[PDB]
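Visitor: Here's the letter readout for the chains.
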Amino acid sequence: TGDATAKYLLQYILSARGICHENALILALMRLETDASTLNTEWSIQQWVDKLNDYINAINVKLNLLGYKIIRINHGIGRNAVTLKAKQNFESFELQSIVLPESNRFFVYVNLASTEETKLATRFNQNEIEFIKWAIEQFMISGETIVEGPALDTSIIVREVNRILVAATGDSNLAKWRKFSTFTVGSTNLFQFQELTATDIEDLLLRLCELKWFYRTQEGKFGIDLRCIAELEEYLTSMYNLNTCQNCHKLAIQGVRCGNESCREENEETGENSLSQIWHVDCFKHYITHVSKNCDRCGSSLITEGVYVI
Amino acid sequence: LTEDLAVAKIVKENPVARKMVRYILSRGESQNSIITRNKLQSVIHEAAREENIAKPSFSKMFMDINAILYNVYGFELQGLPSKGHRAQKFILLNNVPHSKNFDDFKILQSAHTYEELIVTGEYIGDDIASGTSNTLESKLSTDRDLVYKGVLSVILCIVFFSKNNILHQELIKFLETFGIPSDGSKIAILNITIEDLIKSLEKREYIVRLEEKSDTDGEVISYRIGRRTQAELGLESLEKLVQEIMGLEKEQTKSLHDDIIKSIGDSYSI
Amino acid sequence: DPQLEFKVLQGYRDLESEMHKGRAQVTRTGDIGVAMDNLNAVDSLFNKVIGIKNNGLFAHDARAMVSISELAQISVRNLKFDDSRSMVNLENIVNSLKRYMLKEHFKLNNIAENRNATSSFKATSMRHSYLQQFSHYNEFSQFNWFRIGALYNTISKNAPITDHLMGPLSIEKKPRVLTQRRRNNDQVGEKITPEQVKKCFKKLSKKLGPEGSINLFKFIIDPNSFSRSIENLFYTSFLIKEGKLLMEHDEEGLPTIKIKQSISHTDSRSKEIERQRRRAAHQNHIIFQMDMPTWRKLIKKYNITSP
Amino acid sequence: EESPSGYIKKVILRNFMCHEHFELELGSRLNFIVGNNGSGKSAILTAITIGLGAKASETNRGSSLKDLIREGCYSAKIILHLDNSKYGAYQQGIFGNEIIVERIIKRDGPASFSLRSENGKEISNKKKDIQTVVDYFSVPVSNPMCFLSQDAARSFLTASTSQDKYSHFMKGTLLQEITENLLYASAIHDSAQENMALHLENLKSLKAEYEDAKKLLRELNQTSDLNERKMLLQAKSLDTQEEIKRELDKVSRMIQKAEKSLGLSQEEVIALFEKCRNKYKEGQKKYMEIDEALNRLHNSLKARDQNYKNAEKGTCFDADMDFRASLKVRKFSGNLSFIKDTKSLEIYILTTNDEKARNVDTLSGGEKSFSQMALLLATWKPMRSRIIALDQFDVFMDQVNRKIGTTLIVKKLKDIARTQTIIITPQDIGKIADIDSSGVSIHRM
Amino acid sequence: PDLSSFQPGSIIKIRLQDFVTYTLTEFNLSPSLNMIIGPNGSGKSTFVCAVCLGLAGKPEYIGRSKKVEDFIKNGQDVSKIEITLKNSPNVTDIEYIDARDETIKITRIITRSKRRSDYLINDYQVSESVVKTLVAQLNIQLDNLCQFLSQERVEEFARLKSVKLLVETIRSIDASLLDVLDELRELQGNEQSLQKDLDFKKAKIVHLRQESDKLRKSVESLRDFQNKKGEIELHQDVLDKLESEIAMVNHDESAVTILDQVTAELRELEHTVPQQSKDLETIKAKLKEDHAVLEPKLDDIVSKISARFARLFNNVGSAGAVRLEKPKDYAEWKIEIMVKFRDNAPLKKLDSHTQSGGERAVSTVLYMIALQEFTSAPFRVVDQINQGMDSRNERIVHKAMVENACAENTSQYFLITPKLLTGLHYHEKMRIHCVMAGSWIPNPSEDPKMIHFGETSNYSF
DNA sequence: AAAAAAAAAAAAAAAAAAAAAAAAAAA
DNA sequence: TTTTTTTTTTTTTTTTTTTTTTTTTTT
Ligand SMILES: Nc1ncnc2c1ncn2[C@@H]1O[C@H](COP(=O)(O)OP(=O)(O)OP(=O)(O)O)[C@@H](O)[C@H]1O
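Each protein sequence line maps, in turn, to chains A, B, C, D and E. Adding 380 to a residue's 1-based position in the first sequence gives its number in the working numbering. Adding 84 to a residue's 1-based position in the second sequence gives its number in the working numbering. Adding 9 to a residue's 1-based position in the third sequence gives its number in the working numbering. Adding 89 to a residue's 1-based position in the fourth sequence gives its number in the working numbering. Adding 26 to a residue's 1-based position in the fifth sequence gives its number in the working numbering.
Treat the hints as calculated values from the structure; they're not laboratory data. There's no promise every hint is true.
So the derived label-pair ranges between C-beta atoms look like this [said to hold, decoys possible]:
hint, chain 1, residue 1, chain 2, residue 2, range
1, C, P316, E, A336, 40 to 46 Å
2, E, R142, A, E496, 55 to 61 Å
3, C, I180, D, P199, 28 to 34 Å
4, E, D286, B, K93, 18 to 24 Å
5, B, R133, E, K187, 22 to 28 Å
6, C, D46, D, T496, 35 to 41 Å
7, C, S279, D, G519, 40 to 46 Å
8, B, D342, D, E308, 35 to 41 Å
9, D, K293, B, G205, 44 to 50 Å
10, E, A336, D, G519, 32 to 38 Å
11, D, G519, C, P316, 35 to 41 Å
12, E, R142, C, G218, 54 to 60 Å
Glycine included, each C-beta is placed from N, C-alpha and C at the ideal position.
Build out the structure end to end from the sequences listed, making use of the hints.
Guide: Written out as structure tokens, the structure reads:
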């Protein structure tokens with residue numbers, strides 16, 4: 381079944397255009413352990429996620445020998461948020477009332493090096509990927525800029541940040557953080573490309589959103605999603621001078637920051653815009669529940685003087 | 085355990101196959117999976133020159149390519165009969181023993197999106213200001229290329245049941261009973277005409293159209309199965325498809341073999 | 010007879026011209042009689058020629074014959090024998106596609122539906138009784154085409170590969186607009202006695218005599234030139250190749266060229282084999298080498314013919 | 090005299106080989122183009138070979154069209170004036186009275202192939218047209234036996250494979266299209282017979298349905314006398330009846346099982362019977378008509394094959410006899426052995442001092458160049474091209490065989506009179522022989 | 027035995043036994059020029075097949091036949107080819123022969139069922155390899171298309187690709203160091219690509235160091251789990267510490283197939299480079315050593331060839347010359363005879379696809395007639411140079427051989443010609459041959475009395 | 001039966017035409 | 001502004017040279 385199972389799961393993952401939540405792979409495993417009738421009763425979800433990780437390790441040995449890879453990244457909007465969004469769509473078709481730990485790991489299928497062989501693996505023309513790069517530089521440039529105002533109570537970043545603040549402190553008598561900075565440009569500016577037309581950008585953004593990398597927020601704004609990790613993994617951001625996380629040093633463009641005057645002041649000694657320390661929502665949760673309440677760069681206090689990033 | 089060290093050695097002594105899997109796995113992502121041999125050679129002549137090895141006989145790296153593509157994930161390169169490693173044109177195709185009895189998962193979780201993507205008889209996909217959540221539910225494929233098998237199982241199941249012959253106007257007047265417009269209005273999910281869908285369907289060699297010429301009357305054309313639908317399908321699985329469409333279980337289906345064959349004869353031919 | 014060939018070729022051309030309308034007609038309807046309305050004419054035009062069996066007409070005939078067999082093929086494919094029991098007929102499977110593509114539709118709009126080797130004997134009021142009520146929907150948006158798009162992807166053998174962006178995002182741009190005036194406007198095109206073998210024979214049998222004899226000592230020589238003194242040798246070689254001069258060396262040393270005069274007898278029934286076997290008495294050739302300095306030594310024998 | 094038109098009138102040269110712009114008209118049936126070779130001799134014939142739809146690979150005077158261009162120019166074009174003005178012509182109602190075909194080749198891009206009408210109106214710019222107009226005029230330009238190549242003669246005589254001469258001769262005199270098309274039509278007939286043998290099973294199914302429907306009619310209206318035909322004396326209706334009701338349950342179960350077979354009623358049973366009967370009795374007619382048509386086609390095909398065998402034997406013997414009759418001018422002779430098993434054209438020639446049959450590669454020069462002419466002139470009556478061209482038939486043979494070549498080719502161009510001729514030899518036969526009989530012309534560059 | 031002017035390696039007089047039209051006939055050659063002539067198919071162009079078969083040559087070098095015994099006159103049993111050749115003072119190391127005899131006779135007697143029969147050197151039994159090496163040592167080769175061309179290969183000259191033209195025009199003296207130089211070049215060419223692959227192995231080492239960074243990350247993750255395992259004792263500070271270590275450890279570390287992924291795969295890549303580069307350098311040094319000596323003499327030879335060729339070519343009507351090319355890295359050194367036939371056209375190459383029969387024949391003659399001094403060859407066999415040649419291009423191609431064979435220091439020109447033009451220009455030392463035929467010839471099969479009688483060189487015997 | 005060039009065979013290399021797409025001009 | 005024609009580019013399919021390999025005459 382080793383051939384069979386390790387042959388099924390990769391098909392599952394690269395059929396879905398790449399990205400696929402962990403609680404779907406762990407159910408496909410129960411699908412295929414019954415398709416070859418290898419039933420099990422002495423197991424819990426721990427052995428199951430262990431076996432899934434083992435199979436992914438074997439498949440990754442083979443693929444890394446071939447030149448592709450199955451990364452294992454986290455989506456940074458948090459356990460409760462992602463389990464809500466996923467197992468909220470599993471209420472009509474559901475398996476046998478099994479319990480799943482609210483997980484966040486997102487296996488992704490990407491190529492390591494931009495060789496000449498996989499140079500042409502696209503549906504897009506020249507102008508279309510030119511627009512893609514132009515759009516993503518607009519995404520990061522709009523990300524660097526912070527502005528003042530009232531932050532909405534509609535996005536899930538905001539509700540979750542407030543919930544975990546209240547749960548950690550216990551004292552609910554706290555106000556809103558007074559700024560926001562978005563890595564998600566609005567539509568009307570990306571529509572303003574020079575060479576292409578408007579309807580072209582319309583249907584092109586629709587196509588990209590269908591290719592599982594340009595998720596569109598509830599307000600009608602799109603960012604960049606889990607096929608960012610296939611794109612200049614960290615110099616994608618340090619190129620436009622965006623730093624990384626704190627608790628894990630992986631990427632983060634949405635979560636919690638503290639851009640107050642202390643951890644501020646990007647390095648003008650060299651000119652590179654090395655901005656503030658950025659957390660992930662679960663990263664921020666742990667850093668505030670079991671470490672401190674202070675920005676580590678220049679000793680701030682962020683439970684009152686933090687930033688919303690969206 | 086022979087498989088892992090076997091494929092390791094295979095990819096080791098042969099570094100042109102490792103730089104060929106990552107070509108045929110990125111020419112046929114989901115578009116036309118045919119690869120002409122002329123091209124397969126014009127790329128292997130350059131992916132072995134800059135590889136520090138004398139390129140071996142085609143019938144060696146062919147078995148090598150099949151061994152790689154079968155071991156890592158489950159694919160297969162295969163030559164189609166053009167009217168073995170001598171087929172003038174090769175296609176990819178899956179080869180793992182299918183698991184319908186639990187591909188229930190992959191049919192359900194891609195059928196469920198109908199209850200959420202069209203309400204009140206309109207498609208809500210091109211609504212830009214909408215809360216797209218697919219990456220968190222793992223929507224099992226695209227949607228401008230899922231109603232391209234949606235309309236390609238109701239054009240190659242109305243040629244698989246008229247004895248490999250259906251005229252043009254008959255096919256249009258047999259599709260208009262499904263709602264697919266034909267005067268020139270784009271089909272309102274995948275945003276394309278019907279004549280251009282058929283033309284691009286010809287370019288993928290799913291069907292073949294027969295051109296005639298009559299200066300006084302005009303031209304009529306017929307839609308007989310091409311080659312890709314003959315190799316990337318099969319009677320052993322067309323029985324499965326048509327056994328599910330009728331929803332009849334394994335008891336009242338014994339006749340389906342000869343029932344299909346005496347109504348489909350010159351389709352599974354060369 | 011050329012006229013018959015001309016006119017029957019014209020008839021072949023006419024039938025081949027109307028053949029395309031014939032083929033379109035049989036393609037549309039499915040009637041065999043057009044394969045015979047022209048078969049009678051081609052059989053006629055075939056048998057109409059009886060005196061010369063001229064190729065090319067058979068070639069046109071071969072093209073007409075493959076065409077007639079082709080029309081027969083088109084017609085023979087178009088037979089349809091429908092049963093009442095066979096549960097795979099067209100209007101019983103399109104009305105099952107249009108069954109499966111709307112089960113979720115019937116559960117969504119809550120418009121419920123009720124029940125209305127076997128040798129294939131009879132079954133009609135179970136697979137055409139209530140599998141035909143689903144036959145009046147003609148709008149696209151009603152069917153979940155996301156369920157017979159995803160019954161061809163996990164039943165067929167489609168090749169499910171995805172789209173990677175690390176590679177194609179790093180291609181080069183193309184500002185390589187071609188060169189103006191590589192080379193245009195040329196338009197410059199400016200509107201602006203060799204054989205003479207019988208001469209020696211007509212000298213021989215007019216001056217020497219029908220059985221006279223001379224030598225190298227008399228014939229090939231020339232007192233002034235060397236050209237005309239070797240061209241004579243080559244003409245002699247041609248003549249003796251034609252078998253018209255007798256050259257057998259006497260033991261005196263000089264050669265003997267005498268006019269081979271066969272006493273006039275045109276009967277060849279044995280003269281032909283006599284000549285053929287006398288040549289088969291192989292003439293191991295006399296390599297008649299002549300140099301430039303010894304052209305003046307063998308004038309006649311001691312430097313005198315006519316200097 | 091009557092000349093079935095299709096004879097090339099004018100060659101118009103624009104930047105070809107070694108000629109910028111010169112145009113010289115052709116003659117009636119035999120023309121002499123002489124001078125110095127290369128200096129306007131094989132260029133004209135290469136123009137005639139290419140501008141009739143042939144590549145330059147099989148010409149041996151330039152392996153690429155783009156190499157044939159005058160060095161000092163960018164585009165070459167050659168105008169070929171066919172003659173469509175007499176019997177057997179090609180669509181005199183559209184193409185005027187003199188077809189004009191030309192081919193424009195340039196150092197890049199695609200070569201230009203155009204049909205132009207008489208006045209100048211461009212007809213169709215396709216390569217499938219020029220390959221159709223001459224196919225109508227039936228001029229085979231590719232194979233050497235019609236258009237001989239100055240550089241390919243000396244190798245064609247000896248160096249050609251045993252199968253080369255055979256296949257060229259066969260497909261040159263149209264004798265192979267017949268075999269190919271007849272075998273192809275036989276294959277079509279075999280596939281059609283297989284489809285008919287498949288249709289026989291469906292017709293058997295229809296027959297079974299018709300007979301069982303008749304059985305249903307019988308088993309339906311068998312209960313007529315039991316409950317209905319007793320209407321005789323009951324007109325008074327519409328005591329002592331001791332044995333009235335006997336088998337009411339048996340008749341009830343019988344009627345139940347009879348009407349509950351699938352769900353049709355009595356009239357509906359008879360209706361299905363009638364429908365299946367009409368289906369059977371129409372499919373019978375269609376099947377039998379198709380069978381008769383196929384059988385008549387097959388018998389016509391057999392009558393084609395026997396005539397093909399006869400025509401092949403006749404053409405081969407005509408070639409053999411005219412070959413020998415031309416060889417007997419130099420007092421030696423041989424025979425052509427069309428071995429249909431190994432597919433050869435072995436030329437067995439003998440001299441004036443031999444015995445056993447010699448080889449085809451043994452003899453040379455005199456027993457070669459004069460076998461070239463002797464094999465070619467046995468492929469000019471079978472092949473019926475409207476035009477013919479010779480370029481240095483005397484590749485290496487002296488002056489006493491050039492005369493026995495010229496005075497034989499002039500004669501063999503009197504028996505047939507539909508073919509125009511152009512001969513390319515650098516020698517001097519202008520006013521040297523008695524060629525004053527009209528139909529010839531002198532053209533020295 | 028008037029060997030007064032015969033240069034060594036030459037042939038003096040032929041005598042034939044049982045050939046295709048020669049049952050017993052004996053030639054009597056000349057030292058300078060023997061213009062073979064005669065009527066068509068008179069067995070006069072067979073003396074060339076005889077020299078090619080009597081100097082132990084192959085059968086394919088003529089083209090007349092394909093098999094070896096096809097020259098045995100059908101009707102006979104065995105064929106005898108007796109030919110005499112002047113002895114050389116430089117040719118030695120030969121069995122059954124001394125160095126005093128001034129005349130050696132090589133004779134090969136071909137049988138029926140035995141193509142490869144025995145030979146005959148001065149009436150002594152000799153094997154095949156011995157006579158082959160002897161005829162090689164007589165500085166006479168027959169494959170050199172610039173020296174020995176048969177009737178069925180006269181215009182197989184222009185169909186010779188350039189590279190082979192250089193090889194077969196410089197193998198008139200010696201240049202095997204050009205072959206070893208090509209071997210050196212290909213060794214350098216493969217070494218260059220191997221070096222570039224090593225320069226990519228450098229990036230492999232860089233990637234391995236990055237993977238070592240990931241290894242250290244995996245060890246720190248293992249350290250987190252070490253703390254987690256060491257402190258698990260639920261029997262409040264301790265509890266708080268346990269909760270601050272659970273989420274701290276990333277639950278996605280894929281070091282399983284990375285920890286011991288690569289330890290010793292790079293030292294084997296770094297076990298070949300330095301002395302391999304030094305060997306590339308010494309290969310370049312030896313290549314320069316070999317290339318430095320070649321060019322000067324190899325271009326001086328070609329300059330002499332060009333001067334003589336142009337002085338001979340100006341008679342046709344327009345200029346032309348031969349130019350060497352050394353463009354590629356020595357594996358495609360090639361020569362191109364460049365010709366102009368009238369002024370306004372440019373200077374073009376020589377190949378089949380360019381010029382006619384006449385122009386290519388003029389080139390094939392004038393190239394191998396001006397390559398005279400610069401090679402050691404006693405006899406040359408020009409074969410019936412009339413294919414597509416008119417009068418002006420035949421009188422000249424003949425006059426420019428006569429005035430080369432009668433100026434001084436003449437090698438043997440074997441010239442056969444069925445055609446014959448009036449008013450040529452003859453000179454002293456030439457020997458006009460001929461071949462007779464016709465059943466009126468006194469067949470000397472039994473009586474060798476009149477086997478040569480008629481030649482005007484032995485007027486009193 | 002242990003070397004040999006040999007015959008013959010398969011299998012890649014370049015060439016030319018056709019079709020699709022884009023650009024440019026006229027109405 | 002839109003449609004049609006020109007034009008360039010790409011793709012596919014034939015043909016000339018070229019290598020291969022079992023068979024095969026042979027020492
Ligand atoms: N195998 C053979 N056996 C016997 N006789 C032969 C054989 N081959 C050729 N011959 C005869 O011998 C003659 C050979 O003469 P040769 O080869 O010189 O002809 P040629 O080269 O055409 O003459 P030229 O080139 O001088 O015009 C031919 O005429 C031929 O009939």
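Visitor: Can the suggested window of 35 to 41 Å be confirmed for the beta-carbon pair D46 (chain C) and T496 (chain D)?
Guide: About 55 Å separates the Cβ atoms of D46 (chain C) and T496 (chain D), which means 35 to 41 Å is violated.
Visitor: Given a hinted range of 44 to 50 Å, is it respected by the beta-carbon distance of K293 (chain D) and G205 (chain B)?
Guide: Given about 49 Å between the Cβ atoms, the range holds.
Visitor: Does the beta carbon distance between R142 (chain E) and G218 (chain C) stay inside 54 to 60 Å, or does it fall outside?
Guide: holds (56 Å)
Visitor: Confirm or reject the claim that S279 (chain C) and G519 (chain D) have a C-beta distance inside 40 to 46 Å.
Guide: holds (44 Å)
Visitor: Does 35 to 41 Å hold as the CB distance between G519 (chain D) and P316 (chain C), or does it fail?
Guide: Holds, at about 39 Å.
Visitor: Does the hinted range 18 to 24 Å hold for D286 (chain E) and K93 (chain B) at CB?
Guide: holds (19 Å)
Visitor: The hint says 28 to 34 Å between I180 (chain C) and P199 (chain D); measuring C-beta to C-beta, is that right?
Guide: holds (29 Å)
Visitor: So the hint says 22 to 28 Å: do the beta-carbon atoms of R133 (chain B) and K187 (chain E) match that?
Guide: Taking Cβ atoms as reference, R133 (chain B) and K187 (chain E) lie about 24 Å apart, which means the hint holds.
Visitor: Can the suggested window of 55 to 61 Å be confirmed for the beta-carbon pair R142 (chain E) and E496 (chain A)?
Guide: holds (57 Å)
Visitor: Measuring from beta carbon to beta carbon, are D342 (chain B) and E308 (chain D) in 35 to 41 Å?
Guide: Taking Cβ atoms as reference, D342 (chain B) and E308 (chain D) lie about 28 Å apart, which means the hint is violated.
Visitor: Quick check on a hinted range of 40 to 46 Å for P316 (chain C) and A336 (chain E), using CB atoms only.
Guide: holds (43 Å)
Visitor: May I ask you to test the hint 32 to 38 Å on the CB atoms belonging to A336 (chain E) and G519 (chain D)?
Guide: holds (35 Å)
Figure legend: structure checked against the earlier numbered hints; hints not met, in rising order: 6, 8.
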